[PDB]
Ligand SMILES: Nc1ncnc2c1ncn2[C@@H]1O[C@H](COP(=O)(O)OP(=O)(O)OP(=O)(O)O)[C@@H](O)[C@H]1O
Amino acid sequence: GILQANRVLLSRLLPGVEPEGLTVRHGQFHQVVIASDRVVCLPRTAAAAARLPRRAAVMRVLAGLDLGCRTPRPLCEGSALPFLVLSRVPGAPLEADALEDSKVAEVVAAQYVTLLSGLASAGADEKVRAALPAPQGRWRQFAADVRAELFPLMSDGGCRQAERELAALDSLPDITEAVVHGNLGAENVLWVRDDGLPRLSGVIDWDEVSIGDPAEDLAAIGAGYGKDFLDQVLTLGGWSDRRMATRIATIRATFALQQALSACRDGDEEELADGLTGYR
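Form solved in complex with adenosine-5'-triphosphate (ATP): give me this chain's structure on its own.
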């Protein structure tokens, strides 16, 4: 298996730990080996091995930001196939059932605001801007990939309604003021319950991290938990103007296509079908 193949590395990084006891979350680009208090990122393709140095450097930069919560901190890096040991953020995700409690929502939203605030502030820092990437015309490049790859798979009516969504992207300004997680899903935000009310342990999965528009992350929160909750976060954070709502609404439309676009490339039939549900 994957554990047997890397037993030499695991014996070094995790001395005495039985490899077959561990779990391996086979992600998209990396193969993270889940240990008790840490994980071990390994590149699947050769291209991922080339980016791992800067990825490791990026993760260290994120570790020195005041986000009001933990992030995977680099512990070790080398070769054998390059590797990166990151700290395991404790706590589990939060289901939408919990937000039905009003007092919980206040707390959860407030800590989300503190997180997004820290990300916003960090984007101003010159050091952070140099460390992290900031692609120009990511949406127009995205639109071209969608038009190339997904349009053939879509219906006539689906292409119309898709083109309207891609048309909206050109209206958006190319903002690069804040740090953007890029995939701020519910399962990527970990929480501490059973002590008091939920307390944000930390965020994980920063593979789509960049300097960009913070609406992207707000949209992700809205995709996870919905209208009423996002409104609460916007009102507390003071991001409830029309232009911000427009940017959020516009970006959220692409989430279905982004799922399909990725699934198309890595031959995921279940994801591709789900992403194209409306578009055919």
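Positions refer to the first chain, counted from 1. Here, rigid core means the biggest group of C-alpha atoms that superpose within 1.5 Å across both forms. What changes on going to the form solved without adenosine-5'-triphosphate (ATP):
- Among the candidates 176, 155, 201, 114, displacement between these two forms reaches 2 angstroms at the C-alpha for one position only, 155 (superposition on the rigid core).
- Residue 164: CA moves 2 Å or more between these two forms after rigid-core fitting.
- Remark: with the core as the superposition reference, the CA shift of residue 146 between these two forms reaches 2 Å or more.
- Relative to the superposed core, residue 26 undergoes a Cα shift of 2 Å or more between these two forms.
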Given for the second form:
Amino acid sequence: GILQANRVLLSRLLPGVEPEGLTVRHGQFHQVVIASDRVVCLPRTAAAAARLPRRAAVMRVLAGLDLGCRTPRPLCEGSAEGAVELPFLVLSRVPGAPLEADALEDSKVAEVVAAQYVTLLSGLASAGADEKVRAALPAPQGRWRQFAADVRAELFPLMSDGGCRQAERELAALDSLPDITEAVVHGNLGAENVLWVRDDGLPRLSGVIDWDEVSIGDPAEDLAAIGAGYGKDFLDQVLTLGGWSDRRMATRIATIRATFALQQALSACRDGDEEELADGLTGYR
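Pass me the form solved without adenosine-5'-triphosphate (ATP) as well; I've looked at the form solved in complex with adenosine-5'-triphosphate (ATP) already.
There are no partners or other molecules in what follows, just the one chain.
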């Protein structure tokens, strides 16, 4: 296992912690070891090791944004960002748990939850208009054109003909999408990455995790994720409160949202997560 293989390193980083009682989340590039108060990104390849300096810079930049919540703070020293390669990266662990959709059936909760989503997305939107932020995060072009190519290459082989025709209609609108690079975009903002303390009182946003796919891009990508997980009414409430309920934005959201399962499937494919891949491919095979 990953915990077994990196036993010696983990014992230095987490002294006196039994690596039996640790969790592991799979990434495309990093295996992230989850401890009580912190997470250890272990590179899967030397190429992955070479990306961790940049990642440390990215997470530092995110930790200084005004999002109204926490983010995984890098626990390396600043000079780590100057390295060719890192053998690991330690980040603070954001406390709290995800929110089941059930909770949003209460009207006051939904109001409160939507409001804090808005704060977060407004923070991200404004941060993506900052030249120092834009300079530190990736901003790939024709990502939608390219993403469609990656689905056809990497996911169609796992699909039925029916699933492939379904995917094709969904990929069809992508080539028409405007290529927007205006906001900081988490890129995988499903419910499991948005952590709440519902200890005392109504749900209060603790923070946001799993920034692997972060970029300067289109805010509709993150609103789509929320739409996918929580449905139309809750989305609409976020759009109203944030002032993003225009037809142009809504159109983009709907187009991206229709691809969101495929986004999760492509991710699960690349990071070897089999149950996430099965879920994402639900109705495609």
